[PDB]
Amino acid sequence: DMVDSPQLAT
Amino acid sequence: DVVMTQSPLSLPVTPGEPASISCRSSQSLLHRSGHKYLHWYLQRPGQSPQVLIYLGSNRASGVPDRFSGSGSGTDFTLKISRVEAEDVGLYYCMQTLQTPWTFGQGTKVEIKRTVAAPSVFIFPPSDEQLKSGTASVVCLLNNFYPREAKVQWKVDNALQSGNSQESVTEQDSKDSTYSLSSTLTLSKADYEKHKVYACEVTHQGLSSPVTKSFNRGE
Amino acid sequence: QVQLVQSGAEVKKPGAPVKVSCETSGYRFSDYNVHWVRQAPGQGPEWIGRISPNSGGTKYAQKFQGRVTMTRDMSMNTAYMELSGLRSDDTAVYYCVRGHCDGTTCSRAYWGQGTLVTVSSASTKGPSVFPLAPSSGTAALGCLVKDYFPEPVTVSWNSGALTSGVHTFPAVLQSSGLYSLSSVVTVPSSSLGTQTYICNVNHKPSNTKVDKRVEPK
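Chains as they are written, first to last, in the entry's author numbering: chain I, 418 to 427; chain L, 1 to 218; chain H, 1 to 136, 142 to 222.
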């Protein structure tokens, strides 16, 4: 998992 | 990693007056969705970081109305309109657009007051300590501002190095001063080998360095 | 409220692993990342890594990769962080932190109270208390609390009756691995012949309670 939380809504 | 640069590092503030702490980032913390990922928090000694301002400008619950945050995508500011002793501590900006989270250098907020010279005292080692084989010599500097003071140790007029440690109190809530203790550590053998013991103190409020001393065996 | 609650302070020896826990309440544990930060004394804070509770996926900072392990328990709403190969540079306060965004909305960070981790080979030891005797206006006297482990020691004067003028200094860590501090109080020179000055040193880990009379030499 390399997805920062500000990119969750995308 | 995103690089945060915070400024200034030290900030004396007179009671009632405002305080402004700046923080800039190497790249924009404004995400395209509109959210600015910069946070301001307060660090006091022996406790958890207190969130003051989050997501650029939003005040955290239970934080006083005098705290406010603003900024563009790269340049940010924490504003405190009326600083008080409650607000004394270490302030940090941090970014959470990208991991690793990165933090500013820190801003040490303290109350500003008129200059005050330290009251210097010296203490020889006790009889009770000498019989265990060690000798500690203490030099107290009491109730001074600003925090910057220098303590030099002398044994038979010869300057000492690497055989002493010091620690400083927090800023006092009432008189807004600091106090420092230094300890010269020696063996019983070396202590008895010399006679004259002195700490020389340097500080703004003193015209020239004050000395306090004692002779071994009185 | 949102609440992150960490386990107790830890004393470990160089090369031992430490496992810190972080229990949570007041929000859906699955929805937010749990990040781990630390602050060493004399250093700026440092991000160690992150875990996603639902997926279990972890990201670690390059310097920590290969020696840190983060896990979680969904049933107990608990996040863990096991650090290995401890050295003196790993002595710090370790903080678990709730992340900001959950998919729909982005909110504030919520921090745990902190967990102090001390990397040291020293054994438990009570202090030896020595007087700082007043000299022959204002006089100063004190107590020197020497060679103890671990922190903290509490000092009071005349069983709490004397508070005005008191400066209890932060301890310093000597080369032997043991701590030392001094407590001082300024008083009127007029009272030295008549008034009794006792300091009450307590060090719980060694069951030490000392009452030392500080009189003029």
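Source of the hints: derived by calculation from the structure; they are not laboratory data.
For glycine and all other residues, C-beta sits at the position ideal for the given N, C-alpha and C.
Among the clues, some could well be false.
So the derived list for chain H, only partly shown, Cβ under 8 Å to chain L, looks like this [unchecked claim]: (1) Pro17; (2) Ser25; (3) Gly44; (4) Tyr80; (5) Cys106; (6) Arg108; (7) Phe174; (8) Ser196.
The hints, checked one at a time:
At its closest, the beta carbon of H/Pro17 sits 22 Å from a beta carbon of chain L; the interface hint therefore is violated under the 8 Å criterion. For H/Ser25, the shortest C-beta to C-beta distance to chain L is roughly 16 Å, which exceeds 8 Å, and the interface hint is violated. Given the 8 Å rule on beta carbons, the hint for H/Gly44 holds: about 6 Å separates it from the nearest Cβ of chain L. Among the interface hints, the one on H/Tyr80 is violated; its C-beta lies about 19 Å from the nearest C-beta in chain L, farther than the 8 Å criterion.
Interface hint at H/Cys106: satisfied, since its Cβ lies 5 Å from the closest Cβ of chain L, which is below the 8 Å cut-off. Interface hint at H/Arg108: satisfied, since its Cβ lies 4 Å from the closest Cβ of chain L, which is below the 8 Å cut-off. The closest approach between the C-beta of H/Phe174 and any C-beta of chain L is roughly 5 Å, which is under the 8 Å cut-off, so the hint is satisfied. Of the supplied interface hints, the one on H/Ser196 is violated, with its beta-carbon coming no nearer than about 16 Å to a beta-carbon of chain L, more than 8 Å.
Of the numbered hints given earlier, the model fails hints 1, 2, 4, 8; all others are met.
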